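**Q** Following the hints, position chains A and G against chain W.
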Amino acid sequence: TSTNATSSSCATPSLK
Amino acid sequence: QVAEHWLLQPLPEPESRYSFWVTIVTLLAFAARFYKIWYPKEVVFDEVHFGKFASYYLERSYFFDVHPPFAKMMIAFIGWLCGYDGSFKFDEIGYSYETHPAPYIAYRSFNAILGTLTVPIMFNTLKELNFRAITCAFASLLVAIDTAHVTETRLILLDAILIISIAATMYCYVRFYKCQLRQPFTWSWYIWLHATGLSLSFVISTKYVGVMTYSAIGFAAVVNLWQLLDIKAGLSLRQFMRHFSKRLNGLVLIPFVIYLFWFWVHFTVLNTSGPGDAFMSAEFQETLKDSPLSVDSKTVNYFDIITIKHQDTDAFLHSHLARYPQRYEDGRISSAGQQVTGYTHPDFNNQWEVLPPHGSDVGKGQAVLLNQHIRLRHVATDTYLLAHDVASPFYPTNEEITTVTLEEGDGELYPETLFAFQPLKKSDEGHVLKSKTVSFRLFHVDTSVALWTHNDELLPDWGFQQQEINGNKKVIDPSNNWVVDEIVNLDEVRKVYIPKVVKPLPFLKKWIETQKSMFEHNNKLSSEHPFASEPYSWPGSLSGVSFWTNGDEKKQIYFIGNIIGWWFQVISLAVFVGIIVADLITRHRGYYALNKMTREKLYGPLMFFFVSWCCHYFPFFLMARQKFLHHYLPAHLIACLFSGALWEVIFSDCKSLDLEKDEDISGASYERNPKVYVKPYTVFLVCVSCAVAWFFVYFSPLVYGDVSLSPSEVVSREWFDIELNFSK
Amino acid sequence: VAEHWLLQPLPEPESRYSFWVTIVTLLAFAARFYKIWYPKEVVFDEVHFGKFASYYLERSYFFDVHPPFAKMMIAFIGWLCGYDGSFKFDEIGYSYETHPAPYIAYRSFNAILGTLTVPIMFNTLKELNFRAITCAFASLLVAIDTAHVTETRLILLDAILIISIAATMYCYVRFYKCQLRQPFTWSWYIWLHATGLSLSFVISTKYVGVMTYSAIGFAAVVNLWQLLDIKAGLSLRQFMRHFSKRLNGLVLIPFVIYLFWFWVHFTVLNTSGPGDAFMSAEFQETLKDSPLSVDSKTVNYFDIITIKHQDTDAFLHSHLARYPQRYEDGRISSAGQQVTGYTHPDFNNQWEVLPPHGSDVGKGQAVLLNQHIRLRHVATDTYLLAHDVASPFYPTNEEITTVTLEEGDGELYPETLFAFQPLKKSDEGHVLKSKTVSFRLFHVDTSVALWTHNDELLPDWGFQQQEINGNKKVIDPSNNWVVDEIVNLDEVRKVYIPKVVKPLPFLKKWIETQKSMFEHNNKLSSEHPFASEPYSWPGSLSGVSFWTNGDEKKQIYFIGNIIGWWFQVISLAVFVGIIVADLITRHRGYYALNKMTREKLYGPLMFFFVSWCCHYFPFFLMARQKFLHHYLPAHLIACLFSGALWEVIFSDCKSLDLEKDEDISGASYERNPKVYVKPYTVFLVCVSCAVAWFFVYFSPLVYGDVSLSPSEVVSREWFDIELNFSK
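Order-wise, the sequence lines are chains W, A and G. In terms of full-length UniProt numbering, the first sequence opens at residue 111 and continues consecutively. In terms of full-length UniProt numbering, the second sequence opens at residue 35 and continues consecutively. In terms of full-length UniProt numbering, the third sequence opens at residue 36 and continues consecutively.
Not one of these hints is a red herring.
If the Cβ cut is set under 7 Å, some of the chain G residues that face chain W in the computed set are:
#, residue
1, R366
2, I367
3, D423
4, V424
5, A425
6, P430
7, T431
8, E433
Cβ-Cβ distance ranges computed for the label pairs, FRET-style:
#, chain 1, residue 1, chain 2, residue 2, range
9, G, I58, A, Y242, 54 to 60 Å
10, A, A566, G, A312, 29 to 35 Å
11, W, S112, A, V527, 53 to 59 Å
12, A, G393, G, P494, 27 to 33 Å
13, A, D740, G, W496, 40 to 46 Å
14, A, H563, G, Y69, 51 to 57 Å
15, G, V286, A, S270, 50 to 56 Å
16, W, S112, A, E126, 17 to 23 Å
17, G, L294, A, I619, 32 to 38 Å
Think of the hints as simulated: they come from the structure by calculation, not from any bench. Just so you know, even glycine gets a beta-carbon here, dropped at the ideal spot from N, CA and C.
Bound conformation, chain W alone:
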């Protein structure tokens, strides 16, 4: 698996 460039396109958390 090629390693990612920018960590990953992810969201902001909303708690549990």
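**A** For chains A and G alone, coordinates are given in the frame of chain W:
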């Protein structure tokens, strides 16, 4: 009063020039936001949160969030106008809008309208501060074609509603202040006071960062109340108290009632139990109805006959006496076993009995727990479900799902008959399985695959054009999700539903509880997002945020400011501080360099915007929670107004008539209409506008995500701490 | 500011001031020297500052987050006692009888400084023209404060800090009176440089001393602003003379004295010690070997080494087990040999350091930092390798594996190249040594650093060992490794080997230590049970346990005199109310307050109020751990402030004419406002008796010398005060 002589002047140009420039910059803002608004056809960034919240409003399902409800209810209201039911959950980034049609174009279009309407409000704010039409155009252009303001205001985000409400607040307050200077307590004075309050209510009802807008307007309102308290204002204490009580009502009490109204709507709409329940007390949860799914949900027991339904395709796990062909069309060898297929209609061949593992002490009427080993017996053929190291018809990497006789399945093939209702979350292991409410993966124990089905391609004539059921090795895939739909052999005692008696809670108690939970969770949630940024990096736009990536097309959306525009504003802020310090030093030496009218511009509108920018920037250095570049967009919005205004002043005849005399002294002569050097000023603004527009075009592939960039073109856009995907 | 007030003669004869300063100094002496030999054990942070005193006497290099001056003053008392530094103060409760440190002399030195703070505070108010009883009362609030007493009798830095702050305030008041009378006199220069010297001692004790620079800096800028006014009658040349002399006396000279203490620190500490791990190899080359033993063994090519992670204590480990062909998220691994972090020493921790293929580098040559190397795993006879395959837990980080000798000498040769990358660029080309030289294990081809963590362990296929991965954030401090052991060390290399001391320029040595000080101070973000937030300090709502004896049920507890602290909170609130009322009434054309009352309010009281603000509000902007002792500088200023404020309240504050501003040039005003001495003295005696009653009631917890019954312990528990032996 502050800038009284400047703000009471007639407009410096005919209204037709303002109407021309506001139309042009609004059309540019419209074009920039509506360009390819249907693209990408996938969930982007925080659309996973705000799209999901829109769905829960339509379903009336209770959810918890750290932000107030108004902006999420506005998004949900667009879905409601489209007749959307809330079926699509926006669970992950990259989810296709084609498989489950959410009205995403309508949601994105609503935000694009609000982002577009921000631009003429900004224009009219400077027009009302008596700036030239070109100055109003330029300051509004800096927002119309800013890459960050464009990216945010075309996606399903709260920031379009926040930014327009901040722009409307600034505009309404400027209008109120001009009415205050002309004639206080007029009908127009009341309209603009309550319009400022209404806009302030929408700001704080969108995000708690809206307290910075209350602080900016509150400071300006206190400064003006301080001028009205002066004996030189000629007001009696009764007239002053009338100003105070009316402003307190219009700027605090009414906005607070409107803020509470949005929570009252939120709790009236969300009247069913939902994912928010875990954040609230049992007493709050007693105010919620059972979910329609929970009313019909029955505990699944061993020896129950069940139907198992796929979440994405609505197909039932189905089997019949037909067999796989000895060879598939690609020449791979099948087991020639009994077919297991996905069938969209309820029949007797959808019926599976849940059996415990051989030699278990588990009897009839005991609940099945998640992640326990089970066997599934097909009721119509009297065979056990089986998965094995045979490749599936369409997917060479996935396993064929079949069935085996009771004798063979109780013999050597016993391990290959072991399944588990694997929970979607590890926290849910060992919970009781229930129909309709508990999603699971149907996990095969021996080969470690999950049962999966699809509806893009159907089995050939030998499989009756039914969906394929196969063992997917990508177990964690959300498309591997199943639910128990019905329990066919349910006892009459288990059929009886006892409805929960809804208990009422007083609104203020309900609101205080939710509000405490909001502040407590906002303060916690400590994490390290690969995109958190500190306040010192924001005015430089030194880093951005990845919003979306497509690996196959090498396309991406990246959230970043227009660096030329942002640096031009940093220079503008620094130049203004230099001008104010120089004016203060020179005056302290008895040297009066600046004309009265230039000072009214500097210490009135420019100081108002500078302090307003300070209120939206400096408080973030005192915040220990996670922060992000989008938190600066309110400050950038004010910095656009400020920079346009500042450069008009710099290109004006700023000189005092007499350098030894203070023109602020009562009875001093001063130049009332300082000449703007329009020709060099317009050339300067055109040069800066062309540079900002060039940057916007150069970054447009990253704003829209619609163009694939070569790795060298990606690397050419990497500077400072900007990390882009596909640079390799 | 306050020119007419501060130029008045003293309101009372000098004999009254001499009487009251003597009484309050004797009370302060009695409170600090009471049972100074008790407990005969190490208390609280005596474990740190006693230990640092020992390392100065041994000349052993140590690292600390605070500047050296106050620790050198403690060590200097040990040196005067002929103490050798044998006792280490390792734990709280260690007896001073088994290993005699001069602890009575150290405690007595702090008790002297704490006692001498009181007459400096007294004389500060005397110089601000307050009455002798006012000076006595403000100084009494510090003389018999439970927190100031507890801290200034133990081996702590705070006695040196607090006296230096008191001396700074006093010297600045003296300087300001000389400035009002006649600038550029010999006395003006003495007091300017004395303020600078005292400011240098404040910042050379603790970095919180920047708050004292801010307080004096603000007052100095306000006065420079008045001297810049055309109405001051100064030419720009005379103003620039004021500016350049104050810049020299308050910034340049104090900075040279601050650097002088680091120069002494590095000259005294010339031997290798526990501080070495915080410094570069180039800094460590300036240190002599300890007269004892040093395991800093040079690593040579063909040495067999163990490589240990600094944060997790795990060894770089490998074994014949392989990565699973797919991870749980469905990513494809290399199916290569596993490289893992293992916390126990074994044969699978052994790596041979090999030079790059075709190098002329033979057996017994030292490995240099940032040179290309290869690591051969001794147990499997494979080369360490990193490649563009994602790690098990981190999709952005690289999987670390091993390759056969044949493949690693073939096409995969570039992927076997590592470097011991130095933490500092200054350390490139230095000799690698075991235990002393930290490095990043850097992969040359993909530009990643080897990293490991202990928050999540590999699944059953990885034996619940730590993951080893190639972190793309190379500069991350968690990527730090050390060579722990050299397994194949020759008998000649086992015996001690001398060291040629290499000189480093002082400014380079100081800049390195200073960066390390700020970086480590900012990393003090762990949770501590006795940590307290700034909002709780003015109320003294919680304290800190300093010492406990289980057998005798005795304890020392650090807390403020709550009556004294609440009296100061009330004083601060009343003053804000007075200033707001004066501003509102003036804006209405009503001039309630006499000019002389305003000179007291907007001069000395505002100076102390702003100085208190500088020592209190900046702590709300600090995200590091904080404690109640951080408020003692602010409390010290609040004592001066409260004494001064209540003299003003008990003065004839009324203007002669409520319709006329007495600040207008040529207005008549009362120059000698009468103090209502009788009711004022009764009021001060009542408050002093209440503060003294509280100090006596808490004295068992200040001294630790009296066992309290559980009911008497519980009677002293209020708010968030948790005491030992309440059960």
